[PDB]
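Listed below, chain by chain, are the residues.
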Amino acid sequence: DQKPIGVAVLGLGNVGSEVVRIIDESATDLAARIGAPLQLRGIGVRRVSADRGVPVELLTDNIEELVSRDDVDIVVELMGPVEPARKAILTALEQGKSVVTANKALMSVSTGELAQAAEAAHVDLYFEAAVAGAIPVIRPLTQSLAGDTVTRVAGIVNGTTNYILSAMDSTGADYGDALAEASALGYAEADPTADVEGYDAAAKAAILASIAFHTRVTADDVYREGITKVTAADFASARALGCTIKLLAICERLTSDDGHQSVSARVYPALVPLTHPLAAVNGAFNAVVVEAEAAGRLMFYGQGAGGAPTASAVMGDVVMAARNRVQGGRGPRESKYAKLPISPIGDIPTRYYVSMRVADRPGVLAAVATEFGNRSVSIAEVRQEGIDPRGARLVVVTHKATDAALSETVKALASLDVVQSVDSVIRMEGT
Amino acid sequence: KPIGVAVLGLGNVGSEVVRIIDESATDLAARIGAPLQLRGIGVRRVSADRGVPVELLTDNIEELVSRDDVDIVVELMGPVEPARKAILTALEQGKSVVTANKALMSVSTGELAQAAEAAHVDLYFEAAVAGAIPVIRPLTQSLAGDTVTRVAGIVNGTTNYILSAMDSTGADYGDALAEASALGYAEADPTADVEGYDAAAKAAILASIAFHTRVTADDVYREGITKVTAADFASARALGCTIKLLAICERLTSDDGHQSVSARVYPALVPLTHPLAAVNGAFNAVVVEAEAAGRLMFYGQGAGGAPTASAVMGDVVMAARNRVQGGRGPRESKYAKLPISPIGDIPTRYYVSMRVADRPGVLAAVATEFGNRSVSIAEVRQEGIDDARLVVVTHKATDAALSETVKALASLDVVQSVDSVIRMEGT
Ligand SMILES: NC(=O)c1ccc[n+]([C@@H]2O[C@H](COP(=O)([O-])OP(=O)(O)OC[C@H]3O[C@@H](n4cnc5c(N)ncnc54)[C@H](OP(=O)(O)O)[C@@H]3O)[C@@H](O)[C@H]2O)c1
Ligand SMILES: NC(=O)c1ccc[n+]([C@@H]2O[C@H](COP(=O)([O-])OP(=O)(O)OC[C@H]3O[C@@H](n4cnc5c(N)ncnc54)[C@H](OP(=O)(O)O)[C@@H]3O)[C@@H](O)[C@H]2O)c1
Numbered sequence: 004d005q006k007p008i009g010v011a012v013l014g015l016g017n018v019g020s021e022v023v024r025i026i027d028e029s030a031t032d033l034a035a036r037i038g039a040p041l042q043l044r045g046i047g048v049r050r051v052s053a054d055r056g057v058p059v060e061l062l063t064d065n066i067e068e069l070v071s072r073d074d075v076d077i078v079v080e081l082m083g084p085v086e087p088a089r090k091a092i093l094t095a096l097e098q099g100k101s102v103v104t105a106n107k108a109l110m111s112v113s114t115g116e117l118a119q120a121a122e123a124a125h126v127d128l129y130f131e132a133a134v135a136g137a138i139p140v141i142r143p144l145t146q147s148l149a150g151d152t153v154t155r156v157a158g159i160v161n162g163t164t165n166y167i168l169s170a171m172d173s174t175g176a177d178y179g180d181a182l183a184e185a186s187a188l189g190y191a192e193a194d195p196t197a198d199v200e201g202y203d204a205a206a207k208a209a210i211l212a213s214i215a216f217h218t219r220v221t222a223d224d225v226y227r228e229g230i231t232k233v234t235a236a237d238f239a240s241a242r243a244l245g246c247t248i249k250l251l252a253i254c255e256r257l258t259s260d261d262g263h264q265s266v267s268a269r270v271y272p273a274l275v276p277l278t279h280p281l282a283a284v285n286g287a288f289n290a291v292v293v294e295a296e297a298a299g300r301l302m303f304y305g306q307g308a309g310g311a312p313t314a315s316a317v318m319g320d321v322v323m324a325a326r327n328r329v330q331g332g333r334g335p336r337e338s339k340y341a342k343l344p345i346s347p348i349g350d351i352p353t354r355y356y357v358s359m360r361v362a363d364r365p366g367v368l369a370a371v372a373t374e375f376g377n378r379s380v381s382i383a384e385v386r387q388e389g390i391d396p397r398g399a400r401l402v403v404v405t406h407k408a409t410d411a412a413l414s415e416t417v418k419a420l421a422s423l424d425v426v427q428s429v430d431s432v433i434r435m436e437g438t
Numbered sequence: 006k007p008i009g010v011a012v013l014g015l016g017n018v019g020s021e022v023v024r025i026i027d028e029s030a031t032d033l034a035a036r037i038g039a040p041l042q043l044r045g046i047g048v049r050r051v052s053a054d055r056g057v058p059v060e061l062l063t064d065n066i067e068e069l070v071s072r073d074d075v076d077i078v079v080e081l082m083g084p085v086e087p088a089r090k091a092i093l094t095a096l097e098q099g100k101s102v103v104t105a106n107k108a109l110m111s112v113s114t115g116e117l118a119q120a121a122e123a124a125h126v127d128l129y130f131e132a133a134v135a136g137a138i139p140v141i142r143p144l145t146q147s148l149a150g151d152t153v154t155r156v157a158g159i160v161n162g163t164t165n166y167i168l169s170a171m172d173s174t175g176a177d178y179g180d181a182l183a184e185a186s187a188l189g190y191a192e193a194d195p196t197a198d199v200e201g202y203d204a205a206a207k208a209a210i211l212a213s214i215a216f217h218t219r220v221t222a223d224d225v226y227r228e229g230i231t232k233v234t235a236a237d238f239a240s241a242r243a244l245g246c247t248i249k250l251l252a253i254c255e256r257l258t259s260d261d262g263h264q265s266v267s268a269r270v271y272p273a274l275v276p277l278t279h280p281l282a283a284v285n286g287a288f289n290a291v292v293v294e295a296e297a298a299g300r301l302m303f304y305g306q307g308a309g310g311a312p313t314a315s316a317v318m319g320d321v322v323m324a325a326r327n328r329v330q331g332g333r334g335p336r337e338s339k340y341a342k343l344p345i346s347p348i349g350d351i352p353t354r355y356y357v358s359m360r361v362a363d364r365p366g367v368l369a370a371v372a373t374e375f376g377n378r379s380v381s382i383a384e385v386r387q388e389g390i391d392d399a400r401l402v403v404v405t406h407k408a409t410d411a412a413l414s415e416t417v418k419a420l421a422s423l424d425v426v427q428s429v430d431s432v433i434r435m436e437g438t
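Protein sequence lines correspond, in order, to chains A and B. For the first sequence, the positions run 4 to 391, 396 to 438 when the authors' numbering is used. For the second sequence, the positions run 6 to 392, 399 to 438 when the authors' numbering is used.
Isolated chain A, as found in the complex:
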């Protein structure tokens, strides 16, 4: 006696369309892998029409009725908005329905209330598709690395910003021309703000940090800096220093001198040495680096955006949720046991690349050096040359120090007389 498992898909856009196509075209495999048939009950949408690749009788705009049906077992939330999403997720869990979602912004703001609700109803809540599109990242960090100690999660989690920077690195194009080409070729949107400013990265970083270090981290905890201040000159200096530039999401388990642990989650442009694995990740692809104590360095690479790869991840969650209902017993449980404090950006040890225009006098380098040393910052590399009998281009790369000390050093350099301007400031990671 194998009772079918009902599925309600909310959304028929880029991801939902692919999810429904798979539930259709792979029904035999899916059923065989779940143990019972996987039967689509209805599709939540706003526009109901016969021109949506599905029979209209499946389409509905009443989402609350669709997730409330008794012959529905799993609810797949693939609508954009967060308030409709949360309302659907909650009403569905309350009725004992397993939930699969891909909603970055909802998960990055509070998995606490939703996870508690799924635990109460004794049902699953899977959101693998929320981070890294098709790249399995959440399940490896919650299950495969559960017996280990993760210390660093870092990688490229935004395809648009990686395509733009990869393009600036290859062609020497200016940011504006690279963004234009990106928009034209369909890699960026009419308003790419969520990408180029780093909001998409910050949300994903909050989720990754929470999963990796067993603490609650929200998008509001993540320091955010985008790529709009990255220039072609920056890439030229980076190349001269053996680096490229990438928009990194970094999640670190930090330890202070007094021994207490904390968690950092931050996104910003970073000079990355060409030898680093992330430097070879180009185009719109994503890659996630995980440092653990017993396992060492792991890297997961693939497509972290798109209807088809995201659907792959959704369907993996769906099959697991259906399997759990067939055999009884849920999947993992929320592990936020650590209650680690959040380290702000100023406490984080990092390195600064600083590019300035300075007077072409033999004492200026001593002046800037003192400004770094007076705050206990050591200099690793310096490059100085003239511009065309007027001034000099002074590049400085520091050793590691707190972002606070380096931020204050920069402010100081700006106020110096010999410093005409501080043209660029970019952190440096990898090394």
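You can trust all of the hints, since none of them are fake.
Distance ranges between label pairs, derived from CB positions: (1) B/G56 x A/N17: 48 to 58 angstroms; (2) A/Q387 x B/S381: 53 to 63 angstroms; (3) A/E116 x B/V329: 15 to 25 angstroms; (4) B/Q119 x A/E28: 29 to 39 angstroms; (5) B/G286 x A/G99: 47 to 57 angstroms; (6) A/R336 x B/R49: 34 to 44 angstroms; (7) A/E97 x B/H125: 28 to 38 angstroms.
Worth flagging that the hints you see were computed from the coordinates, not collected in a lab. Idealized CB from N, CA, C, for every residue including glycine.
The hints should help you fit chain B with the ligands onto chain A, whose structure is shown.
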């Protein structure tokens, strides 16, 4: 209530496992929901010079796996028959089992999985494939809603360290293998590695996990690196390639719709621009191609006591979580019953290095031999030796045709000897 652990086996993996159970007790207990307590360590030679408290050591494996205060049995013994025996007894006693045995999983999963499903109990084996790289769980759970078509890459740390050394230093196979054994990257009898048994067992497991069918080691074509020379790497560099021990697992589809599976491990010239060409040292890398997901790559350490212990502990936490929360893992799904495609049917390319007569006619003879079996040549290089060296690279063609041509070449009068024959993948 506590969860009892029994580690069968010590050494590289078992030592790290025990050390982690002790040093990470607080985190492990708080991630499981109940304390994780080591009950005993199975071993053959019981003594006090094994870096672990002696009271824990015991040579009666059957007693250890049958204890009531045990709950998970971590099998980390070498041989397959004592492993199968202990696994079965532990499962029949209602104990979840975590193993890392490649040879046991690659020869027979049927009886073991059935015994575990009957006793409503887990049988995890992530540590069997790719050391620390999580590969089995992604293919069994994350990609379960997808259709995987190809799984391939570097899955042996020892062979990969030897070849990488041969590529960096120009060393001969014997010297590199000695460096590896001396530095601890290989072992006293590296036969399991250098001849391909390790890779072929892992490939059997990968194919069966990815294509939802039963694939055993007896179905995997196996060729090692013992015949890879420094002169091979010199040619490969000249041809814009390196050499790597590749495992490949493909879902093949015919014109009529018949599906089949091919699983094969062998040496291969790979272009330097290929991603696998950058996987050096003892690292591994697994590439998965699926219909929705597209292409994925998993990179990490594939050999080592601590990396493999990491995978083992991942499975132990999950098996302990399940026993606390009353559940299980994904049932074994080998429903496709796909037939096995032999090697002759697989399209590939050959690099063939020969010593031939130093006369201007030999090239036409070798070419006709290739052509009469409908094989186009992509590149040739010919020069003289000092008291003629002929290198040929073919286009794609079936392994069977290429084998027939090689035989024909060896039997040719103008061909003094076939010195090296290596496939070429990637491209
Ligand atoms: N696209 C990607 O590459 C990607 C990657 C990772 C994660 N995700 C996440 O996946 C989710 C879906 O993205 P998508 O690209 O599929 O979005 P989409 O293309 O904009 O489609 C959204 C779908 O949801 C429906 N919908 C929206 N608001 C609704 C509401 N209030 N009530 C009922 N139905 C509603 C829409 O119906 P109508 O067509 O009638 O308006 C449409 O079918 C989002 O949370 C996104 O963050 C997407
Ligand atoms: N080593 C690696 O890097 C690695 C990586 C991935 C997977 N693996 C897998 O992990 C497993 C263990 O490998 P390993 O390198 O840890 O091996 P190992 O160094 O050779 O240790 C084997 C252990 O098993 C015990 N043992 C052997 N035969 C036994 C028997 N009949 N009854 C009871 N105990 C027995 C031995 O005890 P005594 O010392 O008293 O003889 C020893 O402690 C293998 O299945 C291997 O394929 C290993």
